[PDB]
Amino acid sequence: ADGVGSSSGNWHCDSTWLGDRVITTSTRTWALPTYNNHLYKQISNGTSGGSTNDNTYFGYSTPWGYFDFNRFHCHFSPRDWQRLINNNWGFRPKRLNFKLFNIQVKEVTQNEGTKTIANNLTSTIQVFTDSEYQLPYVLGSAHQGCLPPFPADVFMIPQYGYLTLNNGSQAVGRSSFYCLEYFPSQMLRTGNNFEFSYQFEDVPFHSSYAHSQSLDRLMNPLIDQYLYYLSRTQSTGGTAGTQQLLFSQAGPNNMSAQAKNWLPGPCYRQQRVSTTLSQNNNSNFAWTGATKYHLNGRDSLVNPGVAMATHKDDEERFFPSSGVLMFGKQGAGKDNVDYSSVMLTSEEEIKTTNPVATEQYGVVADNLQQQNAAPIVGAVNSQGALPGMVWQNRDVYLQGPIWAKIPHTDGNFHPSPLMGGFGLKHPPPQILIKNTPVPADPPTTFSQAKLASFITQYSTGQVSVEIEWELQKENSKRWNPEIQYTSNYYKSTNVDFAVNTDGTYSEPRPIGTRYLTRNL
Amino acid sequence: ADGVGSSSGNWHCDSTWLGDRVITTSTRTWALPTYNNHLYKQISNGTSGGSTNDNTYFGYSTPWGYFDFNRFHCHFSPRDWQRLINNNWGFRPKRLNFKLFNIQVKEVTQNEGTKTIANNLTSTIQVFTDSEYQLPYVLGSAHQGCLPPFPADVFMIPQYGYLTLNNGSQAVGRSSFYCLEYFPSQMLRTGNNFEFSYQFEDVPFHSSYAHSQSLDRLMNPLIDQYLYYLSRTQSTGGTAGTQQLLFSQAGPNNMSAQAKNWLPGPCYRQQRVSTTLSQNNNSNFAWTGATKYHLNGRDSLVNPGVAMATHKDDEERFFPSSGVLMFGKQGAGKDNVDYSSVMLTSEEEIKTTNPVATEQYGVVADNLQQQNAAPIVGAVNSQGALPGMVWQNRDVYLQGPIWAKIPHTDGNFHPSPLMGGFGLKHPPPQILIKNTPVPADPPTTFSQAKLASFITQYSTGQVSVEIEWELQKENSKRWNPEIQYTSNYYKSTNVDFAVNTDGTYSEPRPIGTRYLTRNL
Amino acid sequence: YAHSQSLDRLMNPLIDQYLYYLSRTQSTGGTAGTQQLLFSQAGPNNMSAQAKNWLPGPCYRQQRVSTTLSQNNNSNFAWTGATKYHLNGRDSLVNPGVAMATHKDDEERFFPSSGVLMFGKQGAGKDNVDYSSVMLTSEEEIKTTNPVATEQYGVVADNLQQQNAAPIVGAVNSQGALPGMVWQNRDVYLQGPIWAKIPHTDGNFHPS
Amino acid sequence: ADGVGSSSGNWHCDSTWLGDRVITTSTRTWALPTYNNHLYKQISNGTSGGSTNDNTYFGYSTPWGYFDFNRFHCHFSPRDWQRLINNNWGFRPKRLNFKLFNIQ
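One line per chain: the protein sequences are A, B, C and D, in this order.
End of the first sequence = 738 in the entry's author numbering, gap-free, step of one.
End of the second sequence = 738 in the entry's author numbering, gap-free, step of one.
End of the third sequence = 634 in the entry's author numbering, gap-free, step of one.
End of the fourth sequence = 322 in the entry's author numbering, gap-free, step of one.
No wet-lab data here; the hints were simulated from the structure.
There could be a bad hint or two in this list.
To be verified - Okay, the calculated bits of chain B under chain C, using three or more residues with CB under 8 Å as the criterion:
(1) 329-339
(2) 539-548
Stated by the list, open to error - Sample of chain A residues facing chain B (criterion: CB under 7 Å; computed from the structure):
(3) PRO251
(4) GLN362
(5) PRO369
(6) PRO376
(7) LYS709
The beta-carbon is built from N, C-alpha and C at its ideal position, and this holds for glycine as well.
Let's have the full structure, built from the sequences with the hints guiding it.
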């Protein structure tokens with residue numbers, strides 16, 4: 219039986235590779251403080267201050283914290299991630315299991331300048347999952363506070379808050395307020411533990427691979443087509459330019475002119491930025507020249523956007539302004555940090571099926587020609603979905619988000635998250651946790667006012683999350699060797715994906731998921 | 219049921235001698251501190267400093283500690299060791315059993331200058347065995363930190379660390395990093411206990427005995443051989459030296475010339491050092507004149523080396539420089555301590571089957587003789603294995619290591635540890651233990667940085683290890699009395715293998731395992 | 427696979443050994459050099475001096491050749507300076523030989539003369555073809571357990587010292603099997619042979 | 219039943235990766251000429267010529283040919299070899315099967 223002298227659970231970290239399943243499991247140590255002195259608070263920012271109209275919000279910050287495991291490096295070691303991306307075409311999550319155990323609640327008190335900390339054995343914490351998704355779902359925005367990548371780290375649990383409809387800083391009539399104490403929650407003392415199990419809905423495998431064929435090269439290089447195209451509108455070789463309609467079969471000589479069954483994926487253009495500083499314009503175009511969308515009078519930057527190739531062949535240095543996911547190196551500031559600190563992801567692999575982010579989708583005619591009027595062709599900067607169009611989703615990264623919640627709406631088009639991930643209508647429920655408030659001594663004469671004086675308190679414990687993953691094994695007749703993800707062979711001051719002299723775990727580079735090839 | 223008010227186990231120290239088995243069992247009290255402030259750290263030493271190229275390393279120090287029982291005096295009292303070595307030819311370990319129990323976790327805090335210590339009832343510790351040998355196996359290097367020989371001592375648990383491939387101080391690409399929190403481990407509070415059982419693989423008995431015959435004396439002293447040898451190449455007694463081939467049967471008169479079926483064990487020469495100071499050269503030859511091996515550009519001293527006789531007949535004072543195991547007396551420094559403090563072991567008994575460490579293996583011819591050219595014979599300093607060669611392993615000591623792990627490799631030759639012991643492909647798993655980190659109060663506003671502030675904490679408890687040993691009983695028709703290991707009869711200021719006036723347990727001398735004789 | 431640990435680094439870097447070694451034979455700091463025996467525990471500071479349970483694999487030396495042409499001697503030593511064995515009056519080149527590390531750390535350019543398997547590139551002649559056509563294999567990975575092919579196995583004493591006679595240590599060029607010795611076999615290649623037939627004989631040692 | 223108008227076998231090249239086994243299979247087309255005009259012949263080289271003492275030999279060359287599959291790249295594509303060496307610590311052969319068919 220449970221008690222103060224027996225542990226509620228054991229430490230488990232593994233990856234079990236069996237057949238087409240891999241079961242990854244993680245355990246971390248967390249510390250949950252008291253947020254907002256146990257208060258709900260209205261929070262808002264209006265345009266009255268230096269804030270612009272785009273940055274206005276209205277919402278509430280709660281006392282509650284929440285667990286976020288939504289990043290891959292929570293569930294995978296760099297070596298486990300290497301087994302995955304080298305040997306497999308696809309993977310998808312199946313089920314997860316989640317546990318809290320070994321909970322300590324501790325009171326801390328100040329006397330003059332000295333601090334002291336003592337166990338409080340009778341205190342509780344409150345934990346519930348929102349199984350029914352009745353709360354604003356705050357996961358999937360790529361917020362900080364996930365379990366650390368490295369298992370020996372102890373992490374602080376992030377505070378829960380949410381945003382609601384606003385006009386300026388003020389709230390409208392449809393604005394909702396949620397009291398989290400109004401759900402049923404389990405209360406745990408130091409001998410109690412918490413568990414639940416969740417099963418993922420059927421979701422398509424993330425495709426981890428690149429195409430070994432571009433979309434326009436699917437043809438046989440040897441053979442002509444029986445179809446014809448219009449090769450020349452004018453008389454050739456004549457002393458007069460008299461117009462004449464001449465047709466030709468497209469063939470190995472002109473492939474660009476052949477008939478084709480499919481079209482590249484949709485395009486929404488990004489502004490191109492060069493890593494070489496001299497090539498860029500001299501100005502600040504970051505916000506002004508940015509690609510934005512306009513929703514209810516507020517312009518929101520489009521980030522990262524629809525999945526589009528970062529750059530074309532033999533341009534390494536150019537990247538779309540908002541187009542790529544950008545990760546920071548260990549110990550990087552939050553504000554105006556130099557380029558050397560960020561790690562730019564790149565989509566190389568989707569150049570085959572997807573247009574380049576920084577270039578036009580194509581060119582269409584602007585006019586009806588006449589013998590008098592010359593033909594005019596305009597560029598297509600943004601192109602929605604057309605029939606016969608194929609595309610790839612953005613690639614997941616070891617540092618990136620696993621899933622997002624598909625908004626509940628009448629309709630959606632290809633509901634896959636633009637940060638990359640698995641779109642889920644019923645994602646893993648978000649787990650909320652709070653220290654139960656313990657009052658400081660009340661007065662001896664009754665007063666109606668609520669008690670504003672509490673014992674300063676925090677809790678720690680252990681958390682285990684276990685996800686079963688389904689694998690799609692690579693089966694390929696390719697003769698020559700694949701590209702693999704490999705560590706650098708040459709010597710270095712310190713090992714990649716390992717602690718340094720000071721004990722700081724760092725991740726050198728973002729690791730994409732597609733090294734394998736398939737036929738398009 | 220377990221709890222804070224009931225003990226998790228009992229104290230057991232015994233040696234049960236039953237039939238051909240002896241079961242030894244020990245219990246000690248340990249104290250496990252917090253190592254590296256709960257951090258992994260890169261550690262290295264390069265040649266840039268005063269360090270030479272031989273001393274360079276690259277590796278990691280962990281927060282974890284580990285239990286090491288690998289020395290014999292952990293499992294045997296001097297009296298139990300006497301029953302063993304006097305009455306038995308051989309012994310080998312069969313199975314072991316291991317327990318942690320009666321675990322206290324204590325927090326300590328500083329206020330001004332005063333220290334105070336208090337039980338923390340809800341804290342845990344983490345314990346796992348590496349059953350699958352997936353970690354660098356750090357036992358068997360004869361490191362300190364084993365359970366004390368004397369049961370009333372309380373010992374500190376040593377910190378775990380490991381080394382990895384390096385070039386200079388820098389790491390190469392094959393360098394591995396291991397996170398120990400990434401294994402499954404059991405978490406124990408103060409009412410919990412830990413246990414596991416391990417069974418030794420079949421290993422040959424350590425041979426505890428000396429041969430009563432030298433390898434070259436196996437002949438009958440009474441009878442001649444029917445074989446012949448070449449006695450004389452020259453005419454005897456003649457006024458001319460005309461060469462003539464003369465043969466003789468070897469017999470009691472010349473035994474050195476007889477034909478023999480076997481050869482002494484292999485030889486790798488050591489430099490000879492005299493305990494008498496005047497006889498040694500005047501210089502420091504300790505490192506320069508040392509016998510070394512050369513591996514990947516680094517010269518490593520050969521210690522103790524292949525098993526070889528310490529000295530020949532009627533030389534007590536000479537010993538091979540690196541050839542013998544060297545134990546210190548109680549309370550001896552680690553650096554440049556005088557000869558009186560160390561206890562030199564000696565192999566007397568293997569003079570029969572093994573060559574002397576400080577002398578040549580033999581002599582072979584350097585040339586093809588002619589009537590013109592005189593025969594020339596060179597010395598053999600180092601000799602590998604030849605067919606028809608027999609040898610003894612080095613002797614185990616009460617202070618010495620029990621086993622080593624046989625490296626996992628394509629091939630090996632007579633895989634027995636050179637420090638002496640039992641070579642094991644699957645040695646006893648190494649047990650890792652750590653205090654679970656407990657955070658000090660986090661801030662009330664969320665921060666992504668890992669928590670660097672912890673409660674100063676340590677744990678204590680009890681550890682029992684029980685090994686069943688299999689004995690090979692001595693069965694011998696020798697008429698006259700054996701040599702036995704006996705304590706000194708004469709009076710002394712204090713008893714050997716007992717505490718002194720101040721309570722310090724000391725071991726006067728190393729006790730070898732071979733007092734019995736067998737026929738070679 | 428390769429080993430992630432060298433054979434001599436198996437120790438714990440944190441902890442000292444309870445064993446002692448002979449650190450110094452002479453009096454330190456004194457105006458006289460009077461000899462005195464001083465012992466020390468080996469530790470993280472000197473790892474090369476620690477006691478060890480195992481030895482590197484056996485050594486049969488090869489002559490070292492540099493890919494940089496200027497560094498090599500000017501002569502034809504290919505056959506003359508080669509490492510050979512002598513069987514029934516015929517000297518046979520030792521090729522490739524016992525498995526030994528091709529080169530030590532931070533020397534790429536050196537290779538043992540006969541020590542490595544040598545494959546040709548597509549369309550290469552059979553006679554006196556230039557270096558660019560052959561593909562030299564290398565054993566990097568066995569540096570941990572195996573000695574370098576082009577260097578000595580170790581050093582042993584050549585004499586019994588005296589107050590009169592200085593200690594002398596000779597090199598070991600070729601070393602047979604010793605107890606407590608471990609080694610790796612040579613690596614197979616995609617272009618290389620799968621198996622061989624073990625000769626039928628009274629005895630053999632590690633028949634690989 | 220066999221005959222001049224029916225093939226004796228089929229072309230098979232695969233690598234089947236199942237569990238802890240991999241089964242590799244290869245098929246090639248060979249041409250076997252007539253050696254030594256159907257004769258056995260003594261062959262030798264002595265030191266009498268420019269040959270040295272090390273290069274001397276005595277032996278026989280037969281009319282017969284022989285099949286040698288003993289190299290790895292016979293049984294593995296570079297991609298199959300990559301799956302092997304990246305994902306595995308060790309491998310050993312278990313059994314083999316061998317066929318001649320479609321003989322002209």
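These are the hints, each one checked on the structure:
1. 329-339: With 0 residues closer than 8 Å to chain C, the segment 329-339 of chain B misses the three-residue bar; violated.
2. 539-548: It holds: at least three residues are needed, and the segment 539-548 of chain B offers 6 whose Cβ sits within less than 8 Å of chain C.
3. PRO251: holds (5 Å)
4. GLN362: holds (4 Å)
5. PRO369: holds (4 Å)
6. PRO376: holds (5 Å)
7. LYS709: Since the shortest Cβ distance to chain B is 5 Å, the answer is holds.
Hint 1 from the list above is the single one not met by this structure.
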